[PDB]
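J.: Okay, here's what each chain looks like letter by letter:
Number of protein chains: 2
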Amino acid sequence: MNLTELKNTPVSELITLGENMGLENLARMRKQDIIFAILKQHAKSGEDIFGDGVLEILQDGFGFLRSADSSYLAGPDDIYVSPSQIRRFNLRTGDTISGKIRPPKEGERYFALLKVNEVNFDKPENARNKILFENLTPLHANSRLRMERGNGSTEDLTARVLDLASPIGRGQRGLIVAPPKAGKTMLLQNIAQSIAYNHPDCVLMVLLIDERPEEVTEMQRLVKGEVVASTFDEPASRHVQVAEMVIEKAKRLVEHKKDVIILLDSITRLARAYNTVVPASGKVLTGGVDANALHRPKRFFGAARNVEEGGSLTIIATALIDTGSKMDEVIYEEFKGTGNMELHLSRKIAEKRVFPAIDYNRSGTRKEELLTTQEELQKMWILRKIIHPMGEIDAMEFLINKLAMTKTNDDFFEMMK
Amino acid sequence: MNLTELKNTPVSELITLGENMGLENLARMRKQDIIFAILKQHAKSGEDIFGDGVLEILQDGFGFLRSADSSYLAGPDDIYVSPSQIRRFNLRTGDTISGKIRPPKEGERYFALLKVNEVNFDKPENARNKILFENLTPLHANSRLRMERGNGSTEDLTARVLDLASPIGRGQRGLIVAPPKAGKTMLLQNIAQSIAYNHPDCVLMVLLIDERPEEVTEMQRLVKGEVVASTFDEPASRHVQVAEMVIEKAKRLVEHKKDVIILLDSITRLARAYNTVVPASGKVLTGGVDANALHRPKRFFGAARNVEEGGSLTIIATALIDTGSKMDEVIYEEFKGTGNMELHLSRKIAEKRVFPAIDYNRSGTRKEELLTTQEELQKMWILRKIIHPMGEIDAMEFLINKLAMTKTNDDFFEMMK
RNA sequence: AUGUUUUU
Ligand SMILES: Nc1ncnc2c1ncn2[C@@H]1O[C@H](COP(=O)(O)OP(=O)(O)O)[C@@H](O)[C@H]1O
Ligand SMILES: Nc1ncnc2c1ncn2[C@@H]1O[C@H](COP(=O)(O)OP(=O)(O)O)[C@@H](O)[C@H]1O
Ligand code: BEF
Ligand code: BEF
Ligand SMILES: [Mg+2]
Ligand SMILES: [Mg+2]
Numbered sequence: 001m002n003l004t005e006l007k008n009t010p011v012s013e014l015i016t017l018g019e020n021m022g023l024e025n026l027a028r029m030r031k032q033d034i035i036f037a038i039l040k041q042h043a044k045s046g047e048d049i050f051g052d053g054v055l056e057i058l059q060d061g062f063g064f065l066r067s068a069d070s071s072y073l074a075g076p077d078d079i080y081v082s083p084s085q086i087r088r089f090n091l092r093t094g095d096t097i098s099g100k101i102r103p104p105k106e107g108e109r110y111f112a113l114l115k116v117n118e119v120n121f122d123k124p125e126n127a128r129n130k131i132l133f134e135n136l137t138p139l140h141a142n143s144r145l146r147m148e149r150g151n152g153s154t155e156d157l158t159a160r161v162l163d164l165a166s167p168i169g170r171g172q173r174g175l176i177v178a179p180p181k182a183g184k185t186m187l188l189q190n191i192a193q194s195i196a197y198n199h200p201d202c203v204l205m206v207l208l209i210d211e212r213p214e215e216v217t218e219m220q221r222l223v224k225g226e227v228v229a230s231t232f233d234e235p236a237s238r239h240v241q242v243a244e245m246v247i248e249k250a251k252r253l254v255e256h257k258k259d260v261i262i263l264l265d266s267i268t269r270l271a272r273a274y275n276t277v278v279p280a281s282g283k284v285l286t287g288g289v290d291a292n293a294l295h296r297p298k299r300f301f302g303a304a305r306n307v308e309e310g311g312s313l314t315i316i317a318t319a320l321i322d323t324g325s326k327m328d329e330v331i332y333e334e335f336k337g338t339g340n341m342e343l344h345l346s347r348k349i350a351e352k353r354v355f356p357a358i359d360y361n362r363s364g365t366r367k368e369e370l371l372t373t374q375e376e377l378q379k380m381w382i383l384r385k386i387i388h389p390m391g392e393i394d395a396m397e398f399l400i401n402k403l404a405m406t407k408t409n410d411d412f413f414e415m416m417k
Numbered sequence: 001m002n003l004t005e006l007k008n009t010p011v012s013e014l015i016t017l018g019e020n021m022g023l024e025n026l027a028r029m030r031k032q033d034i035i036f037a038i039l040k041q042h043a044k045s046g047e048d049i050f051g052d053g054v055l056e057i058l059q060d061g062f063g064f065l066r067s068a069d070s071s072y073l074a075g076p077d078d079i080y081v082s083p084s085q086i087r088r089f090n091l092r093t094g095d096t097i098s099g100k101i102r103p104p105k106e107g108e109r110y111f112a113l114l115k116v117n118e119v120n121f122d123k124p125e126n127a128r129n130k131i132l133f134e135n136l137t138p139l140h141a142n143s144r145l146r147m148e149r150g151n152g153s154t155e156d157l158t159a160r161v162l163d164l165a166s167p168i169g170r171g172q173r174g175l176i177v178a179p180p181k182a183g184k185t186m187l188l189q190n191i192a193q194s195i196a197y198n199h200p201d202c203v204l205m206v207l208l209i210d211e212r213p214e215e216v217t218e219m220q221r222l223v224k225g226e227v228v229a230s231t232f233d234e235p236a237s238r239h240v241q242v243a244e245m246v247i248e249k250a251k252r253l254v255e256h257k258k259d260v261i262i263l264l265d266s267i268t269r270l271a272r273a274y275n276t277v278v279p280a281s282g283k284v285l286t287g288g289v290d291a292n293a294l295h296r297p298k299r300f301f302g303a304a305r306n307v308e309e310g311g312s313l314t315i316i317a318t319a320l321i322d323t324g325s326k327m328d329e330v331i332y333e334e335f336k337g338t339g340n341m342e343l344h345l346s347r348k349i350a351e352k353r354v355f356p357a358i359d360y361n362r363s364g365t366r367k368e369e370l371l372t373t374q375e376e377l378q379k380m381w382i383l384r385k386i387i388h389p390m391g392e393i394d395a396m397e398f399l400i401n402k403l404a405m406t407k408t409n410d411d412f413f414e415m416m417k
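Residue numbers (the deposited numbering), protein chains in the order written: chain c, 1 to 417; chain d, 1 to 417.
Since the hints were derived computationally from the structure, they do not count as laboratory data.
Hints may contain errors.
Because identical chains cannot be distinguished in the list, a pair is counted as satisfied if it fits within a single copy or across any two copies.
[Unchecked claim] Cross-link-like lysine-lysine pairs, in silico, DSS-like; alpha carbons within 30 Å at most:
(1) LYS100 to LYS402
(2) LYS385 to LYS348
(3) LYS105 to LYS379
(4) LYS379 to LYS298
(5) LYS130 to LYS115
(6) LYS298 to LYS184
(7) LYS184 to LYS385
(8) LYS251 to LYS31
(9) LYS123 to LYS258
(10) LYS184 to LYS352
(11) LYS251 to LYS379
(12) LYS402 to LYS348
(13) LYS336 to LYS7
(14) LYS31 to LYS44
(15) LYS258 to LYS336
(16) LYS367 to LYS184
(17) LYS130 to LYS7
All chains, full assembly: derive it from the sequences and hints.
T.: This is the structure:
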């Protein structure tokens, strides 16, 4: 008796099971209400019920166990967590809790937690003694997260160009700067697919705030990982809540020496949401940005770091420029002094239908020698010195024509000499 | 005895009928008052009266049935809908209701609804069980909505250029960016005529907010569809109300697997209206735009989506640029990074009296391979690569001179090779 | 109202 197991079951089988259990007509009923009635009827027989979810401690002291399939939205099937157990096990926002639950009695509206069985997918004896995320020693990117497929596919050209322009390692904090209508969607899809193919052990999390739902359901059915999104039909409060829950879960996972990867596509939208939810202080800067509005996105971005004791946190955010709004322009670069990695995309190259439209000149990675060998770094330096004199479109055409001849970049580097 | 039937009748015949029924002199009376008196006299004999309209639920709990011929304006002949029936049939704003009505008794001012016969042009048993619009899975444009006439007319050149620049499919969410005095009116008229000619099965709705009455009555007598407009003589409150009613009706139609097409021509004017009706919060951004003013137009724009279960919602809005106001430059923009189709028009080409004055270079459609075949996409790519080096005016002249030689674009593509 | 917008 698990909550996620009943959530994954279809509607027809749940209706059939409820009709066999002998309850009210479930055809004219919601799936969540059907599951609730089935759990009630199964607990009336004396059997136990189990559930799971991410903890969201409220300001009063209690909390609930949000579900991932609903993008951490307030649902009727949330498991109530008393503050006594929180104080007894030192629980915090983001801790994954899995234990026995019971249906609400007369006068209650949510399931109660009796005994916790597993904390953060581990024993509670290992979670009671742990080092906080704020005390971990940061470090630079040491492990190399190669994005090249290696299967010789035609779509691998984007990953090869990305590796030649800006290699990505564990704990990297980069930025994907690109004007609208440049190809950010396809680039993010390719990055997510390459991460899921090359490094399936890492925890991939794609955050899409204030996006077109069709794109949400497309990304959810395309990438092999977790997708937490919030369409534009929701207020900025839900955006802030989702961002906080995601970053808290990422911190709790990193605290257990896990490799978390966050592919953010709405850093600008997140900053707009934070500027909308912040109370007015009577002081407005140039472009309509509050003085204390960028602090929360600043911390959300800076949360990414590489841990020496174990694990890492990678955050790749895509910033929006040339959107016609001065607020986004002020945000983007305020954040430019940030992202230890900038991958610029050119609109002029995208208009020529030359995919990918990557600005190789302005791209780059700091401390790239820690992720590449000596000969590889020398070859990349020679390639950059050869590409720099040529124009952007000409350099992109040259790179595409030279990478189409071979499958691996090593052969291209060997033929360049 | 139908309301719309009496509304379509002329004034002279209604006056004659009222004089034959033996009532007060109807020559010095309004047509609506004449219809009201005729309905009263006909109901005094014991016969039944029927009406219809779009439901507009008020904040208190009751509602009225607005009429389409009055642009959903508050009229004396609105049918009152009690909240009891709303609670009994789960009615919402936008549901088309058609049932028996009765004249108001002593102390009443509006017609009452006794029994509902048809809901959303369908049986109530099919409307009681339905999936909300917020739960439908979005998708990209799959079905091709070809705009080419095919009759070899001289006006078909605009549709041919539009198809070669940006093909339109079901569920598309585009933008027509053009400075003033460019030819937006003729272009919108041609688009509406091509939609009514090629795809007469789709529900066409043209929304004109804050425009001149002459243009309104011109569009109403030119296109073959529904025209809901609101001239500048009305406050922004009526603009917001009309936009809400139109989008709610569109959502209710899409919920019944219908293909709705909305040709918006005032996205900038709608954003200005929303910025005017929003209460001041003491925080003004660059250009005079409120922080929470663009949220409602953002949702109105993002409502457009393609449904996998059935139906679609297409919204083609025309944004205004270079109007001398910085608010529109932020308002029209901020919207640039939202849609997935931009059809730019050049003022320099319009000054040369070269119609249509379309910027073929900056135009385009994302995921265009889902609406065109392989050979068609290759021919469009070759045409774009040939047109790109030439200047805007030169490319437009070349395209016009090459399309004037033949009737179909297939012959042009075959002759280009 | 200052900042924002004006504004480069
Ligand atoms: N690698 C690519 N190959 C082919 N087309 C692409 C590629 N990247 C982008 N595009 C085209 O650009 C359009 C928009 O790209 P997108 O990633 O949505 O840009 P952004 O996210 O910056 O708005 C897509 O619909 C696609 O047709
Ligand atoms: N396809 C066309 N053919 C001929 N003249 C046109 C065409 N499109 C626009 N025009 C001219 O431009 C004028 C204004 O066009 P309009 O569509 O009103 O531009 P906008 O809507 O951008 O203000 C029209 O009065 C018309 O004379
Ligand atoms: F319009 Be893109 F997604 F920035
Ligand atoms: F003056 Be146009 F209608 F934009
Ligand atoms: Mg995008
Ligand atoms: Mg116009």
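J.: Now, for every hint given, state plainly whether the structure supports it.
T.: Right, here's what the structure says about each hint:
Taking the shortest alpha-carbon separations for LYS100 and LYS402, neither the intra-copy value of 60 Å nor the inter-copy value of 74 Å comes in at or below 30 Å. In the homo-oligomer, the alpha carbons of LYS385 and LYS348 lie at most 30 Å apart both inside one protomer (22 Å) and across protomers (13 Å), since each shortest distance falls under that limit. Taking identical chains as interchangeable, the C-alpha atoms of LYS105 and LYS379 are never at most 30 Å apart, the minima being 69 Å within one chain and 68 Å between chains. For the identical chains of this complex, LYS379 and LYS298 are neighbours neither inside a copy (35 Å) nor across copies (47 Å), given an alpha-carbon limit of 30 Å.
Within a single copy, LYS130 and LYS115 get their C-alpha atoms as close as 21 Å, which meets the 30 Å cut-off; across copies the closest is 40 Å, which misses it. In this homomeric assembly, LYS298 and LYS184 come within 30 Å of each other (Cα to Cα) both inside a single copy, at 22 Å, and across copies, at 20 Å. In this assembly of identical chains, the alpha carbons of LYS184 and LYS385 lie at most 30 Å apart whether taken from the same copy (27 Å) or from different copies (22 Å). Within a single copy, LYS251 and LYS31 get their C-alpha atoms only as close as 33 Å, which misses the 30 Å cut-off; across copies the closest is 23 Å, which meets it.
For a Cα distance limit of 30 Å, the shortest separation of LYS123 from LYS258 inside one copy, 16 Å, qualifies, whereas the shortest one across copies, 53 Å, does not. With identical chains, the CA atoms of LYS184 and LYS352 are at most 30 Å apart both within one copy (16 Å) and between copies (26 Å). In this homomeric assembly, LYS251 and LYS379 never come within 30 Å of each other (Cα to Cα): the closest approach is 37 Å inside a single copy and 51 Å across copies. With identical chains, the CA atoms of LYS402 and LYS348 are at most 30 Å apart both within one copy (21 Å) and between copies (26 Å).
Proximity of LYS336 to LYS7 under the C-alpha cut-off of 30 Å is found in neither arrangement, the shortest distances being 42 Å within a copy and 38 Å between copies. Taking identical chains as interchangeable, the C-alpha atoms of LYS31 and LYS44 lie at most 30 Å apart only when both belong to the same chain, with a minimum of 20 Å there against 50 Å between chains. In this homomeric assembly, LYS258 and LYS336 come within 30 Å of each other (Cα to Cα) only inside a single copy, at 28 Å, whereas the closest approach across copies is 39 Å. For the homomeric pair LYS367 and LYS184, the shortest alpha-carbon distances inside one copy (25 Å) and between copies (13 Å) are both at most 30 Å.
Taking the shortest Cα distances, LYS130 and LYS7 sit within 30 Å of each other only across copies (21 Å), while inside one copy they are farther apart (32 Å).
Violated hints, listed in ascending order, are 1, 3, 4, 11 and 13; each of the other numbered hints is respected by the structure.
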